[PDB]
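**Student:** Here is how the chains run, residue by residue.
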Amino acid sequence: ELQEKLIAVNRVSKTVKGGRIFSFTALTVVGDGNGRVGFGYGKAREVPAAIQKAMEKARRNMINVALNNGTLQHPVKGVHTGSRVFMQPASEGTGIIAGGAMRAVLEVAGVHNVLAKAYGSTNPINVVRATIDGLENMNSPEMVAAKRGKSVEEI
Amino acid sequence: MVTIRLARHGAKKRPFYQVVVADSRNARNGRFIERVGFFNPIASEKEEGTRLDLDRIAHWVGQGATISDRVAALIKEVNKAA
Amino acid sequence: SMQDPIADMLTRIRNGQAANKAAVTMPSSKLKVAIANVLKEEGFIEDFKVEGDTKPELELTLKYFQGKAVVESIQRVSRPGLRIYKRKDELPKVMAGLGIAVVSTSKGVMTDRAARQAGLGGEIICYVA
Amino acid sequence: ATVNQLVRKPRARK
Amino acid sequence: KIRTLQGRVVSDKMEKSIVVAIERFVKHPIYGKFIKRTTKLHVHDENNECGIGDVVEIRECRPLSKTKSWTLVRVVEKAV
Amino acid sequence: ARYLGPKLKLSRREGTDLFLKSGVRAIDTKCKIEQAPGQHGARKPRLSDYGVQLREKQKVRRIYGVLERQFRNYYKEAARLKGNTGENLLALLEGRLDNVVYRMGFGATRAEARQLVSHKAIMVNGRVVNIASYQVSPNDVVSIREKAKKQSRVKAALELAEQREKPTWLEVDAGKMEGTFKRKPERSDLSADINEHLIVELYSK
RNA sequence: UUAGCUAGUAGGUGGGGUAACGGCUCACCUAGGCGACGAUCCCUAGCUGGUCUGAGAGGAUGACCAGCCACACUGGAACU
RNA sequence: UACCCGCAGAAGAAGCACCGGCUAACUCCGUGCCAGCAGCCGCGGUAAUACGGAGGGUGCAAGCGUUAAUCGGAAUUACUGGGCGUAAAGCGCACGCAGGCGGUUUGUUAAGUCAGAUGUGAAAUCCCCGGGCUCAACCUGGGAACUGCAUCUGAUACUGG
Ligand SMILES: [Mg+2]
Ligand SMILES: [Mg+2]
Ligand SMILES: [Mg+2]
Ligand SMILES: [Mg+2]
Ligand SMILES: [Mg+2]
Ligand SMILES: [Mg+2]
Ligand SMILES: [Mg+2]
Ligand SMILES: [Mg+2]
Ligand SMILES: [Mg+2]
Ligand SMILES: [Mg+2]
Ligand SMILES: [Mg+2]
Ligand SMILES: [Mg+2]
Ligand SMILES: [Mg+2]
Ligand SMILES: [Mg+2]
Ligand SMILES: [Mg+2]
Ligand SMILES: [Mg+2]
Ligand SMILES: [Mg+2]
Ligand SMILES: [Mg+2]
Ligand SMILES: [Mg+2]
Ligand SMILES: [Mg+2]
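If you read the protein sequences in the order shown, they are chains A, B, C, D, E and F. Take the first sequence: its letter number 130 is residue 139 in UniProt numbering, and every next letter is one higher. Take the second sequence: its letter number 58 is residue 58 in UniProt numbering, and every next letter is one higher. Take the third sequence: its letter number 52 is residue 53 in UniProt numbering, and every next letter is one higher. Take the fourth sequence: its letter number 1 is residue 2 in UniProt numbering, and every next letter is one higher. Take the fifth sequence: its letter number 55 is residue 58 in UniProt numbering, and every next letter is one higher. Take the sixth sequence: its letter number 7 is residue 8 in UniProt numbering, and every next letter is one higher.
Treat the hints with caution; some may be incorrect.
[Stated by the list, open to error] Partner residues are not named here, just some residues of chain C that face chain A (Cβ under 10 Å, in silico):
(1) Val71
(2) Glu73
(3) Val95
(4) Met96
(5) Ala97
(6) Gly98
(7) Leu99
(8) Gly100
(9) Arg114
Hints were generated in silico from the structure; no laboratory data involved. Just so it is clear, CB atoms sit at the ideal spot from N, CA and C, and this is done for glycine as well.
Turn these sequences into a full structure, and let the hints guide you.
**Tutor:** Right under this line is the structure:
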């Protein structure tokens, strides 16, 4: 039922008395295609052991977000270390246009029609952190109507 | 002088004429004044392809605009067909 | 100094909303009343009171959801260093129509949604997001 | 960064 | 009804002529800042009644010299 | 301006039935359908994110026989037309003149249906159009000319497509040897498994 | 890493001049004029409708089409 | 001349580039940091899918590659939309003209701005709906657009006087 996708694998190392000992870092995301994305992270000696530990953390750390028929409510800014994220919902039938890092996040939520562009650093681990945090502060017309208090055309 | 003539546009081996008012010192596709109409010599002659406006014609003929013999053929048949 | 007191007004709102303050006070003016009265009519704040005549002091009651910031962010657009003006069809929207844009015209201070029925343009004050 | 600075001299294109 | 400018006088040394400066607010085509732009015109002054710094009203006329194309209407405020 | 290689070899590279033959003989009785052409066909290849845009594009272009210079021009028209890009993409693919002859059943294969358009046999509203890339307008009627009715390529093809299912928007007449293109088809009326969004994203960069 | 430039120059009178206003020209009178909102000097360049690129804002450019200006071995002059 | 009738028989009509990653596609042999390859990363001294060749494949197509040039990618002169404690960058500091900017209340002006209208923004190009050349390119009808400038009539919250 869950839709998973590997993003990137980067071999890192640790220096010891005998020399260098390598390891693997893998970034994964999962999702249901209905506005729930959970990202994970793993550290293991072997590559199928590395992607599994990222999948094991991916069951939890999974959030909710208000979709509008498969696209965003409004354009919202995303900021992180060096990843300036600017997304914008598009009209029907445009398709997913984004980088390879953002495409794994947007497909597992069921998002179809969004503009996307990343400014600054091109590190794929820093782009997705602003992308998840850019959706949880993105708000809905219903929850701002719980703030404003009127059942008029803005809903 | 102020004259009424044609301007050959269209691609090669497809003649088409623009009905404008221009000066005799200008070229065929040169500096005109205003567009009056159009002419299609390779028209099927069952549909559109010839349309002018006698209101803008009589405004300049009364001011002394000369008319070419090819353009005046359209004038002599716009009253026969309408 | 205090050359843009509207920017000073937006500074005092954004601080107390984020720092869980219950109510704030500020020096009043004619323009600060005409902006806060619109925000009272648009569900962003609660109430405003005036105090003093030789020293006009404006007060604002804050607003929360469960202790969460109702006004998440607000952006001063025009400024004394660079004036911003738009026409009746070039009025920008905030969050694709969710947030409101405070535009002062000759028919008083209103929103971009209220300026459609008014059909005017003028100075953008702030993006109430 | 200041707009009034760029009134005197614009951004120098290399 | 006719085309009419207003400004102030910056020079009045020459006879039968004055120099009127015109300021205008211009939106910059790249940045948008309203900038004062000085337009210095040469205006015919009949009887030499205009002094320095006088707010004055001028209108358009034919060229009377190599540089002059503007003439006098009336003085709004003189010698304040 | 065509492809003169083997037909089912393209399906050995893709792994999907592309209606390249009639349907009398089965798809698995001629070649191993899940083997790539060459030395390492039984070895499973890796498929990156760049592949699923490219392998989906090669699947559609080998059906209609449309080269890259003309298929990019189809994307230029689908972008300029309003509505969905993928729905406007299918209107240009299905509105091709060689596809209308094929889906009615006058030709057994798409290669045979292109030759019937090319070698002076198809009338469009009583007029012969000898190019396979004509955009077919709605409410038109197509037919076979009087000299091409006696050819055996029409007699052998009216029974094979009769065994298969017919499209909704077409009206096949076999006795008069004619047809009717009524309306424009939709997304659900065509093949649902073809993802048109995979091709648009490749031309979106 | 161009800050002062300019004496027919700036303005006025009268005469002359051109199809038309005018230092356009001449005598006289005044000492102004221009300029840090780039005068002046040096170098480069026909310009524009546009084209190309770009989500847009911008960026580059001015072949074919069209509009205007300039030029016709070099320089100068007038007639018709 | 386009076009059309009639004739004969698949007969007269497919190549180039790439194949380590970027970036679509893998084996084998020869060679031995030599020869070469290469846009980047960097490949080859005894097992090189990277050199040379073969087999096989991929991307295109009467075209295919390369070089040169411009913009995009490049938010890498950042108005939109960048920075200046240590990555490049806050003058050693102060005074101050011009320039920029300015508390608060009322009146006035209507300058800036905004609303409306007129005239204009040549045609062509681009866009919208069409038509036509068997199709397409192309040609072409009307409309939109040309976000411009000028003038007049209005409104006065803000900015200016
Ligand atoms: Mg973590
Ligand atoms: Mg960077
Ligand atoms: Mg020729
Ligand atoms: Mg004189
Ligand atoms: Mg030159
Ligand atoms: Mg020319
Ligand atoms: Mg690969
Ligand atoms: Mg080679
Ligand atoms: Mg070896
Ligand atoms: Mg070709
Ligand atoms: Mg180069
Ligand atoms: Mg840039
Ligand atoms: Mg930077
Ligand atoms: Mg440093
Ligand atoms: Mg210091
Ligand atoms: Mg035009
Ligand atoms: Mg037109
Ligand atoms: Mg046109
Ligand atoms: Mg057609
Ligand atoms: Mg005031």
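**Student:** Against each hint, give a clear statement of whether it holds in the structure.
**Tutor:** Do the hints match the structure? See the list:
Interface restraint check: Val71 (chain C) against chain A, minimum CB-CB distance 5 Å, threshold 10 Å, status holds. For the restraint placing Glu73 (chain C) at the interface with chain A, the shortest Cβ-Cβ distance is roughly 7 Å, inside the 10 Å limit, so the hint holds. The interface hint given for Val95 (chain C) is met, as the beta carbon of that residue sits about 9 Å from the closest beta carbon of chain A, less than 10 Å. Checking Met96 (chain C) against chain A: minimum C-beta separation of about 4 Å stays under 10 Å; hint holds.
With 10 Å as the threshold, the beta carbon of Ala97 (chain C) comes within range of chain A, its nearest partner Cβ sitting at about 4 Å, so the hint holds. The beta carbon of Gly98 (chain C) is positioned within 10 Å of a beta carbon in chain A (closest approach about 8 Å), and the interface hint is therefore held. With 10 Å as the threshold, the beta carbon of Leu99 (chain C) comes within range of chain A, its nearest partner Cβ sitting at about 5 Å, so the hint holds. Here the hint on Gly100 (chain C) is kept, as its CB sits about 8 Å from the closest CB of chain A, short of 10 Å.
Interface hint at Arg114 (chain C): satisfied, since its Cβ lies 8 Å from the closest Cβ of chain A, which is below the 10 Å cut-off.
Of the numbered hints listed earlier, not one is contradicted by the structure.
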